[PDB]
Amino acid sequence: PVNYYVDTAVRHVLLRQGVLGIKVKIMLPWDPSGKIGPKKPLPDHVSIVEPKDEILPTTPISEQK
Amino acid sequence: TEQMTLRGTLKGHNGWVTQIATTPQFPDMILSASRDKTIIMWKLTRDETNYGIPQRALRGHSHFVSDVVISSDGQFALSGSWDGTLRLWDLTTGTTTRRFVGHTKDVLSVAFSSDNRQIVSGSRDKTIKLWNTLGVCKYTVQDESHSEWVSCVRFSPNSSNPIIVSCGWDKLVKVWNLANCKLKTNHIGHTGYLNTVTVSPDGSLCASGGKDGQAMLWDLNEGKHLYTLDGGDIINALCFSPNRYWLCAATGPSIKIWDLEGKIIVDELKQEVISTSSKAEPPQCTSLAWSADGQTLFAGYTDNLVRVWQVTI
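Protein sequence lines, in the order shown, are assigned to chains F and g. Positions 163 to 227 (the deposited numbering) are the ones given, in order, by the first sequence. Positions 2 to 314 (the deposited numbering) are the ones given, in order, by the second sequence.
Any given hint might turn out to be false.
Said to hold, decoys possible - Dumping the calculated DSSO-like pairs for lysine-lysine here, alpha-carbon to alpha-carbon at most 30 Å:
id : chain 1 : residue 1 : chain 2 : residue 2
1  : F       : 227       : g       : 183
2  : F       : 227       : g       : 185
3  : g       : 38        : F       : 214
4  : g       : 38        : g       : 139
5  : g       : 225       : g       : 127
6  : g       : 139       : g       : 212
7  : F       : 201       : g       : 139
8  : g       : 183       : F       : 202
9  : F       : 214       : g       : 139
10 : g       : 127       : F       : 185
11 : F       : 227       : g       : 225
12 : F       : 227       : F       : 201
13 : F       : 214       : g       : 212
14 : g       : 127       : F       : 227
Said to hold, decoys possible - Example chain F residues on the side facing chain g (calculated, C-beta under 10 Å, incomplete):
id : residue
15 : 188
16 : 191
17 : 195
18 : 205
19 : 209
20 : 221
21 : 223
22 : 224
23 : 225
24 : 227
As the list claims (entries may be wrong) - Computed footprint of chain F on chain g; a stretch qualifies when at least three of its residues, placed anywhere within it, have a C-beta under 8 Å from a C-beta of chain F:
id : region
25 : 116-128
26 : 181-192
Note that these hints are calculated values from the structure, not bench results. Where is the CB? At the ideal position from N, CA and C, for every residue including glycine.
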């Protein structure tokens with residue numbers, strides 16, 4: 163996942179006493195479509211769909227078209 | 002009243018028996034499907050040592066075989082699979098003459114039309130689908146279909162009302178007109194998902210069942226409800242007798258029969274104990290078939306066997 167969730171750069175700056183190093187790393191948000199970040203999710207992020215709108219009681223009936 | 006007795010057993014399988022099929026054309030032959038990917042054709046015998054032998058095996062499907070049915074001439078058989086593909090077999094060579102493709106998941110049941118000129122199928126793909134015997138699809142039900150997996154599809158046996166019936170995991174039973182390609186009627190009542198639907202040979206009644214353990218009767222042409230029978234724990238399969246006013250059900254580890262004149266249980270069929278250190282000690286019954294003679298019953302099980310019962314006085 164490091165090959166598509168992390169963006170990185172390395173740079174040099176020269177001051178009067180010598181060179182300093184800079185390193186920057188950023189971790190991207192998941193974006194299902196929109197190109198802010200990757201469309202592919204993290205490998206261990208399971209998500210469960212919610213159950214909806216059932217009726218508990220029933221009685222036998224028929225309905226013609 | 003009449004009472005059943007155990008005749009013998011058939012042993013040539015390596016996974017759960019999924020279905021059995023029979024015809025009046027060849028009373029020494031039966032055909033059965035399994036989770037071992039293959040369909041067996043049996044030579045039955047009246048010898049005292051063993052009731053039958055595996056004669057040929059059909060091997061072309063790539064996952065479990067879910068349903069199997071035979072042509073009214075006894076020359077051909079049709080089958081569906083968990084690989085999503087549907088196949089027609091010549092029983093003389095043991096070879097497929099045609100292959101049906103166009104489901105995109107997993108196929109749960111199939112049937113031939115009563116004239117044997119049309120084929121129908123149901124699947125986890127939520128669509129009922131109609132086919133010509135030349136392997137070409139002709140209609141798709143789409144938006145008006147079940148909201149969940151289509152568990153079963155069947156034809157009415159009579160010619161003067163050309164209709165099909167179906168049950169699904171959305172706990173509804175539905176009736177459809179063939180030539181008009183449309184829904185006729187819903188039936189509502191069951192609390193769990195449905196495993197099966199069946200129709201009487203005179204073309205008059207449905208029966209249906211599943212997780213709720215109740216068998217419910219319904220009219221085909223009057224369009225209305227009839228009485229409910231409490232089965233027990235669960236319903237795996239249902240069938241009517243060919244020459245008695247009886248309904249039969251496979252229910253967990255046991256098989257049961259109701260006489261519909263006066264609505265009473267005739268007998269219940271059970272297995273000798275093998276002591277087991279856990280719940281569900283006995284193996285379950287998965288499928289049923291009455292012989293064309295009506296006097297003998299075949300039943301399939303999760304222990305890789307087919308068990309045979311005769312009627313007696």
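Hint check results:
1. As the CA atoms of residue 227 of chain F and residue 183 of chain g are separated by approximately 10 Å, the hinted pair is consistent with the 30 Å bound.
2. At roughly 5 Å between alpha-carbon atoms, residue 227 of chain F and residue 185 of chain g fall within 30 Å of each other, so this suggested pair holds.
3. A C-alpha spacing of about 37 Å is found between residue 38 of chain g and residue 214 of chain F, which places the hinted pair above 30 Å, so the restraint is violated.
4. Distance hint between residue 38 of chain g and residue 139 of chain g is fulfilled; the C-alpha atoms sit about 28 Å from each other, no more than 30 Å.
5. At most 30 Å may separate the alpha-carbon atoms for a hinted pair to count; residue 225 of chain g and residue 127 of chain g meet this at roughly 26 Å.
6. Proximity of residue 139 of chain g to residue 212 of chain g is assessed by CA-CA distance (about 33 Å); at most 30 Å being required, the pair is judged violated.
7. For the suggested pair residue 201 of chain F and residue 139 of chain g, the alpha carbons sit about 38 Å apart, so the restraint of at most 30 Å is broken.
8. For the proposed pair residue 183 of chain g and residue 202 of chain F, the alpha carbon gap of about 41 Å is over 30 Å, so the pair is violated.
9. Under the criterion of a C-alpha separation no larger than 30 Å, the hint pairing residue 214 of chain F with residue 139 of chain g is inconsistent with the structure, at around 35 Å.
10. Simply put, residue 127 of chain g and residue 185 of chain F have alpha-carbon atoms about 53 Å apart, too far for the 30 Å limit, and the pair is violated.
11. Annotation: proposed proximity of residue 227 of chain F to residue 225 of chain g holds, straight-line Cα distance about 13 Å (limit 30 Å).
12. Only pairs whose Cα atoms come within 30 Å are accepted, and residue 227 of chain F paired with residue 201 of chain F is rejected, the gap being roughly 44 Å.
13. Between residue 214 of chain F and residue 212 of chain g the CA atoms are separated by roughly 20 Å; this keeps the pair inside 30 Å, and the hint holds.
14. Distance hint between residue 127 of chain g and residue 227 of chain F is fulfilled; the C-alpha atoms sit about 21 Å from each other, no more than 30 Å.
15. The criterion of a C-beta within 10 Å of any C-beta in chain g is not met by residue 188 of chain F, whose closest approach is roughly 40 Å, and the hint is violated.
16. Because the smallest distance between the Cβ of residue 191 of chain F and any Cβ of chain g comes to about 32 Å, over 10 Å, the interface hint for this residue is violated.
17. At a threshold of 10 Å, the smallest CB-CB gap from residue 195 of chain F to chain g is about 23 Å, leaving the interface hint violated.
18. With a cut of 10 Å, the hint placing residue 205 of chain F at the interface with chain g is violated, because the nearest CB-to-CB distance is about 25 Å.
19. A hinted interface residue such as residue 209 of chain F counts as satisfied when its beta carbon comes closer than 10 Å to some beta carbon of chain g; here the least separation is about 20 Å, so the hint is violated.
20. Because the beta carbon of residue 221 of chain F sits about 7 Å from the nearest beta carbon in chain g, less than 10 Å, this interface hint is met.
21. The beta carbon of residue 223 of chain F comes within 5 Å of a beta carbon in chain g, closer than 10 Å, and the hint placing it at the interface holds.
22. At its closest, the beta carbon of residue 224 of chain F sits 5 Å from a beta carbon of chain g; the interface hint therefore holds under the 10 Å criterion.
23. The closest approach between the C-beta of residue 225 of chain F and any C-beta of chain g is roughly 4 Å, which is under the 10 Å cut-off, so the hint is satisfied.
24. The interface hint given for residue 227 of chain F is met, as the beta carbon of that residue sits about 6 Å from the closest beta carbon of chain g, less than 10 Å.
25. Check on the region 116-128 of chain g: 0 of its residues sit with their Cβ under 8 Å from a Cβ of chain F, so the three-residue criterion for coverage is violated.
26. For the region 181-192 of chain g, the stated coverage by chain F holds: 10 residues have a C-beta nearer than 8 Å to a C-beta of that chain, and at least 3 were required.
Checked against the numbered hints given earlier, this structure breaks hints 3, 6, 7, 8, 9, 10, 12, 15, 16, 17, 18, 19, 25; the rest are met.
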